[PDB]
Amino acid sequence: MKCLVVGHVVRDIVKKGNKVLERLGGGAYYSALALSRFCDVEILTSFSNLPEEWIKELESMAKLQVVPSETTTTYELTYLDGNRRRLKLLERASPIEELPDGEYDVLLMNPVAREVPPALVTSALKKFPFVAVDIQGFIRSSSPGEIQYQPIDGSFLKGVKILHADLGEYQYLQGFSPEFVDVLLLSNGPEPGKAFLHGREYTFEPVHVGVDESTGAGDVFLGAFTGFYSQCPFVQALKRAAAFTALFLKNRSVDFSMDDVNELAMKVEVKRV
């Protein structure tokens, strides 16, 4: 299997209490990390320079295709408790307006902040056979400073195989209905989410992990669901995706056996409304 993941990776300048650290971030990183358990992943991204160690982390699990840029997307993250953090945009890499040629089994769009235009999802839906999307970076404003969400028309999403959003983000998709996509996944942190198969609603419960930190959870969930749905029917894929995400949150990595996922998945609650 060959997968293309599209979106900026990010230099996060992270403040927790009186300590500052930098770390690689961006939904594209986390989606690719999950999908790497299922396919040969390539990441189409943009940045000017990143720490050698981060380039290595990226290349450990994917091939990089980098749109030339004078800038690197950079956020200041300031934690307010064990898991909530404020994001402020400081710098932004080049837009990504041209996809590569060649056949990909999965194209997964996961931008940070408007670098992938909706027009590219539209053209890709005609050219590529299978497109998955995380909405966050289509809604989040690319304006400098504190993160804000602005509404967008969601008509361009019709034909997407898999769409992921946070429950709180869904309000920003206007002119959208769940049957526009084969599968809509609506996350709500550690709380019960919703999933739609051709417009028909299911509820599901994430695994009740102990750890508060949830960086990348929704991106890993989308990537894992994409991976499992290629092999498994809908409900099983959902259960396995939830379990995979749980083990990622526990381990801060994707080094766990598929056996451990399957065992955990059997207990995941899913109900057809």
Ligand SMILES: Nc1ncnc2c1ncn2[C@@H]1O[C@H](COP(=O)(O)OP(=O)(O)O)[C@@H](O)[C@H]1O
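Just so we're on the same page, rigid core means the largest C-alpha set that superposes within 1.5 Å between forms. Residue numbers count along the first chain shown, from 1. Compared with the form solved in complex with this ligand:
- Residue showing a CA shift of 2 Å or more between the two forms (rigid core superposed; candidates 161, 114, 85, 194): 85.
- If you fit the rigid core between the two forms, you'll see the Cα of residue 182 move by less than 2 angstroms.
- In a rigid-core overlay of the protein, residue 13 has its C-alpha displaced by at least 2 Å between the two forms.
- Superposition of the core reveals a Cα shift of less than 2 Å for residue 105 between the two forms.
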Contents of the next structure:
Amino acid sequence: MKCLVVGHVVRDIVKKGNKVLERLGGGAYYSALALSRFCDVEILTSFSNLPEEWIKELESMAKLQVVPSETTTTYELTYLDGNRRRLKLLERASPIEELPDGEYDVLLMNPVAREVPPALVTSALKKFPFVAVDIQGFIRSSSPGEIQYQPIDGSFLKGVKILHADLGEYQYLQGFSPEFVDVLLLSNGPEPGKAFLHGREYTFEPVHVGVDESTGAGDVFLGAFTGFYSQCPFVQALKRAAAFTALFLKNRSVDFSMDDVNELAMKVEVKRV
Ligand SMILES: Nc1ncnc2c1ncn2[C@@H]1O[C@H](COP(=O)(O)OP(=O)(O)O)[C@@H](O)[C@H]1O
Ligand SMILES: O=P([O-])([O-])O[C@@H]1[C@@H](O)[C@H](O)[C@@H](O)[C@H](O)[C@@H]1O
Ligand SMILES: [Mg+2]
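Now that you have shown the form deposited without this ligand, what about the form solved in complex with this ligand?
Complete assembly follows, chain above in first position.
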């Protein structure tokens, strides 16, 4: 397979206690990282400058298509536990307005700062047969600071194959019922999550891991699920996505074997109804 992941790569300023570091982040990066274990990935993104080593990391995992920009999207993430976080947008790269006219088995739209208009999802749903979406960058407002949320109508998501939102993000979605999409992944950090298959609800319990931050969790979970769902029954795909994401969080990498994923996935609880 061949997939296109769309959205800004980010200069993350990660703060955990009194400690601060810069690293590569973004929905596009993290979702591509997950999908790189399943397929050839390309990333449609925008940025201005990034460190040579970060550009090498991206180009080792994916072909890059970069919309010119004079700015690079930059977020400060402050972690008070592993999941409870403050996000502050410091800088935003150029919007993404055009899709390539090549042919991909999967288009995954994962913006972080309103860089993908709803209109582009509608274009994508016509020019491509399989579209997956993370909602995060659609419900955030675009201006600098502590992030604000804006509700949106969900009707444009009809036809989306797989959609992911965490619990706090979901409440800003409206004109929306889960059956608008083939699979809704509704996650809640370390706590139990929900998955809907054609609107029928399942619950899942993630693998317990002790982490000082969870940056990229949702992106990896969406990316890995999209990969497993293409080659596993629904439930198994859910379990393997959870396990993969759990391995990513402690390894903060995707440099573990698929056999370990499959072993861990056996222990993930999933219930129907
Ligand atoms: N602290 C954690 N411990 C164990 N698993 C986690 C943790 N945080 C996230 N996960 C896994 O990642 C998935 C998505 O993470 P979540 O934090 O819900 O999304 P987002 O990063 O978009 O907020 C969860 O459903 C869970 O499987
Ligand atoms: O943690 P998560 O929900 O997968 O996604 C995160 C984005 O919401 C955030 O804007 C970005 O700066 C991080 O690098 C990461 O991509
Ligand atoms: Mg998220």
